[PDB]
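Trainee: Chain by chain, the residues:
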Amino acid sequence: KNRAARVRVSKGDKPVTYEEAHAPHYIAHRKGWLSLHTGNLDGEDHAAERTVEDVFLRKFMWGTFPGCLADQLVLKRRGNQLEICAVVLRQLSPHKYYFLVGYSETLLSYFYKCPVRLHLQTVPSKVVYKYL
Amino acid sequence: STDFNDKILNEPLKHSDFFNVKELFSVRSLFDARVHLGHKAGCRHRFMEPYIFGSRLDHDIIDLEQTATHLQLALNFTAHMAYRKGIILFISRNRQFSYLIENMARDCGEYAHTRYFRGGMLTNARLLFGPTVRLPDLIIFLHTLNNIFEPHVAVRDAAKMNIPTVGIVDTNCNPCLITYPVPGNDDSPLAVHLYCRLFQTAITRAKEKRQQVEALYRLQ
Amino acid sequence: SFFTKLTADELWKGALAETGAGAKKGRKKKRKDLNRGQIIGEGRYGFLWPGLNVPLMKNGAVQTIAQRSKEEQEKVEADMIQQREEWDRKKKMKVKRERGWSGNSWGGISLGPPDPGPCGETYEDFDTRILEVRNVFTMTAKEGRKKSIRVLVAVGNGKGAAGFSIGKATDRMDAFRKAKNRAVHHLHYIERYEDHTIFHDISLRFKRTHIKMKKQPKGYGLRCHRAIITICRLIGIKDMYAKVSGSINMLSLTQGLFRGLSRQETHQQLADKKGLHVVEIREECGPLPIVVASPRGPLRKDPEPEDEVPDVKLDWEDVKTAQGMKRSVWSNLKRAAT
Amino acid sequence: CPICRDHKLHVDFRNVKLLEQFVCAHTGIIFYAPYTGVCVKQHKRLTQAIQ
Amino acid sequence: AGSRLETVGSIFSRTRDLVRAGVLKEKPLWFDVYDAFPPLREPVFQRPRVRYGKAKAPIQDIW
RNA sequence: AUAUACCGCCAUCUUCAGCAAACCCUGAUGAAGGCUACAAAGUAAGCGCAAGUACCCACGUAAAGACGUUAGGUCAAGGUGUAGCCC
Ligand SMILES: [Mg+2]
Ligand SMILES: [Mg+2]
Ligand SMILES: [Mg+2]
Ligand SMILES: [Mg+2]
Ligand SMILES: [Mg+2]
Ligand SMILES: [Mg+2]
Ligand SMILES: [Mg+2]
Ligand SMILES: [Mg+2]
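Chains as they are written, first to last, in the deposited numbering: chain C, 36 to 167; chain B, 55 to 274; chain D, 88 to 114, 120 to 430; chain O, 105 to 155; chain S, 2 to 64.
A few of these clues could be false.
Unchecked claim - Cβ-Cβ distance ranges computed for the label pairs, FRET-style:
#1 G67(C) x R181(D): 46 to 52 Å
#2 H113(B) x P381(D): 54 to 60 Å
#3 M172(D) x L124(C): 41 to 47 Å
#4 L76(C) x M172(D): 21 to 27 Å
Calculated from the structure, these hints are not laboratory results.
All residues carry an ideal CB built from backbone N, CA and C; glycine is no exception.
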């Protein structure tokens with residue numbers, strides 16, 4: 036039986052978001068890609084560098100906003116600008132959210148030599164698409 | 055409001071026959087309607103012996119003497135429930151009279167279930183209709199046997215749910231669990247028509263009397 | 088390497104092995125929270141960042157990046173250790189469960205009032221007692237030796253209303269819920285003489301279970317099988333003797349007991365049936381008769397036959413006890429209050 | 105036992121309210137020790153106090 | 002709630018007993034009507050049984 | 001070392017349409033069972049199938065294929081529990 040990125044059924048007790056609910060074979064069918072950049076297009080270079088940068092960005096944001104991330108990030112690249120659009124929880128105080136946003140922006144900008152804008156969309160709780 | 059509700063509800067219970075249902079039928083009328091013809095002696099159910107006048111050429115004769123009193127009580131109870139605005143649900147799996155019973159119920163402003171009785175329609179009502187559904191306050195079996203001659207499961211379900219049941223019990227029917235059994239024929243069109251007419255008349259009389267009494271008091 | 092790091096959820100999934108080949112048929121560890129005891133912005137270096145882990149404004153002005161002394165950081169570490177220990181102790185404590193008929197037996201354990209009904213009906217006056225818990229199995233086509241919990245629960249209000257229900261479920265709490273909810277819809281009403289005992293001696297044999305219940309005076313207590321004691325407490329019976337013989341299957345005993353108690357005939361019912369007064373002779377009250385129940389209808393003028401010798405079948409055990417020949421060492425032992 | 109677990113419950117012949125709890129109200133017989141769980145010493149004290 | 006033990010007593014008996022015990026907070030709509038005009042036979046359940054020995058149906062032939 | 005502790009990704013029936021929580025009922029309230037359409041106690045959210053989608057149609061091929069079985073494979077993708085070496 037297939038296991039890749041599938042949330043196995045339960046007694047209607049586990050909420051799941053759109054991304055978690057939809058399985059890999061739905062990519063580009065019912066769900067888009069979490070990262071958008073020109074690396075993977077035909078005849079485009081540095082896909083490996085973009086992939087490594089994206090992996091580090093995810094592992095960094097998840098640890099910097101512990102538990103505060105409601106759903107996976109969305110990475111967008113335009114020229115050199117890097118936009119990290121995140122959906123977070125309305126638990127941590129706005130002062131701490133702003134401090135973390137500024138810290139992350141500055142550190143990522145100085146680490147990857149490109150402007151980085153971190154956009155936050157706050158929700159009361161993890162969005163529930165269906166109960167599995 | 056307590057005095058108003060008391061004089062509206064308890065008052066008819068002070069009278070032996072508040073709706074004069076006795077005028078709706080006579081033993082001669084039942085005999086003409088053929089209420090007295092039962093099934094063969096072989097098809098006789100053990101609990102219908104007290105209501106069988108005898109056997110004529112291996113065919114049972116339901117004692118219309120007893121049927122008269124039983125129908126008087128059943129019609130009085132039905133009229134009281136209709137006056138009190140309870141929900142009356144007619145039931146019959148006889149496909150011949152399904153349409154007639156449905157029309158009679160729709161005309162008298164009461165409910166009818168002549169179709170396949172899905173399981174749990176009474177015991178599981180709070181799930182099959184919503185937690186706040188209201189169950190029938192009286193169930194009237196124009197035919198207590200299903201289409202395989204076993205007792206209609208609605209009889210057992212109503213007994214479980216504490217819903218009083220008026221019911222026409224033939225010689226092969228089981229009258230133990232029917233609250234008000236009216237021993238009589240249930241397979242002839244004349245008998246079925248007489249039963250439907252009597253119950254419709256009783257319900258309409260009760261409702262009109264209820265409205266008249268409400269208006270009479272509220273005018274005061 | 089950093090790129091091999093995973094999340095706490097995946098790590099705990101891999102570690103606890105909650106799922107696996109063994110767990111399917113039952114062929120030790122438990123999860124812990126490693127994020128509760130943390131404040132965003134606190135690290136081993138003991139840095140104080142304004143706006144994240146220390147207040148941003150002090151004296152109405154922005155604070156500066158600071159660092160706790162070595163000893164101050166050690167103090168914070170000791171405080172964190174103390175909080176961790178307190179949480180660990182709060183987990184170490186255990187519930188002082190009241191035990192039923194035995195320390196590790198479910199029988200006699202109280203499950204509390206049944207849940208309120210869909211129509212807002214409340215049964216807070218009721219109490220639920222577990223009488224049996226079986227781990228019934230049944231081979232399946234693919235799942236093999238499936239495991240299920242069969243539960244029997246008695247629900248009663250101590251005022252004559254009491255019923256019992258069977259509960260089937262894979263989860264024990266699910267079975268408890270099912271049984272204690274299904275019981276309230278199957279309530280009997282048990283007539284109690286003087287609201288403390290049955291009206292007359294009851295002899296019955298439900299299936300292969302014989303029940304011999306003897307009416308007893310006030311203060312006699314419940315000298316009955318433990319399940320019968322529980323059911324009597326639920327019903328509202330305080331004084332009664334009861335002996336169970338033959339198969340003592342708990343479900344059979346419960347069903348037969350409820351049948352007999354429901355079928356008992358009241359003094360008023362007897363008076364109406366026989367058209368005569370019901371007279372009670374109490375030894376403590378001397379010859380003074382007490383008219384416990386009288387008929388509603390016309391009292392009979394017939395004095396009723398004064399039989400010289402009855403033909404009722406006598407229980408050999410009862411006759412033996414009356415004659416005193418019963419030497420059973422176990423009979424009439426001193427036992428805790430019931 | 106019940107008496108030894110509450111030092112304020114002093115068994116004296118004047119504490120009739122406490123003594124009445126170890127005597128059957130309906131028959132006036134002092135409960136045997138296993139009925140209440142009282143140790144033998146406190147049961148003997150209770151018997152003497154009730155008498 | 003009610004008492005779905007249709008095989009124990011009659012609907013009237015069960016309803017009356019629960020009301021007396023206080024389980025049923027309010028009497029059902031039909032209770033008073035029934036009490037005022039009870040049927041000739043209490044609708045107590047009764048399991049049917051076949052006549053085995055010399056017992057026979059006391060049904061006379063109409064001649 | 002341990003796939004006989006696991007995650008992770010999978011083989012397998014599967015070229016299957018069943019799995020179903022929560023209710024209700026039957027069996028005297030036993031394990032258990034719940035089927036008759038000119039219908040007789042089943043109702044079922046959810047998952048799967050299906051549907052929808054890619055390829056060239058609406059076809060076909062892909063994809064998908066639940067719950068479980070074989071303690072099926074992988075400690076040698078990587079991580080991880082346990083145990084073990086640490087000149
Ligand atoms: Mg017929
Ligand atoms: Mg122990
Ligand atoms: Mg394996
Ligand atoms: Mg395969
Ligand atoms: Mg394929
Ligand atoms: Mg498909
Ligand atoms: Mg293996
Ligand atoms: Mg191998």
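Trainee: A separate judgement is required for each hint: does it hold in the structure or not?
Mentor: Evaluation of the provided hints:
Checked against the hint of 46 to 52 Å, the pair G67(C) and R181(D) passes, with Cβ atoms roughly 49 Å apart. Take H113(B) and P381(D): their Cβ atoms lie about 58 Å apart, and the range 54 to 60 Å holds. At about 24 Å, the CB distance of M172(D) to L124(C) disagrees with the hint of 41 to 47 Å. For the pair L76(C) and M172(D), the beta carbons lie near 50 Å from each other, so the given range of 21 to 27 Å is not met.
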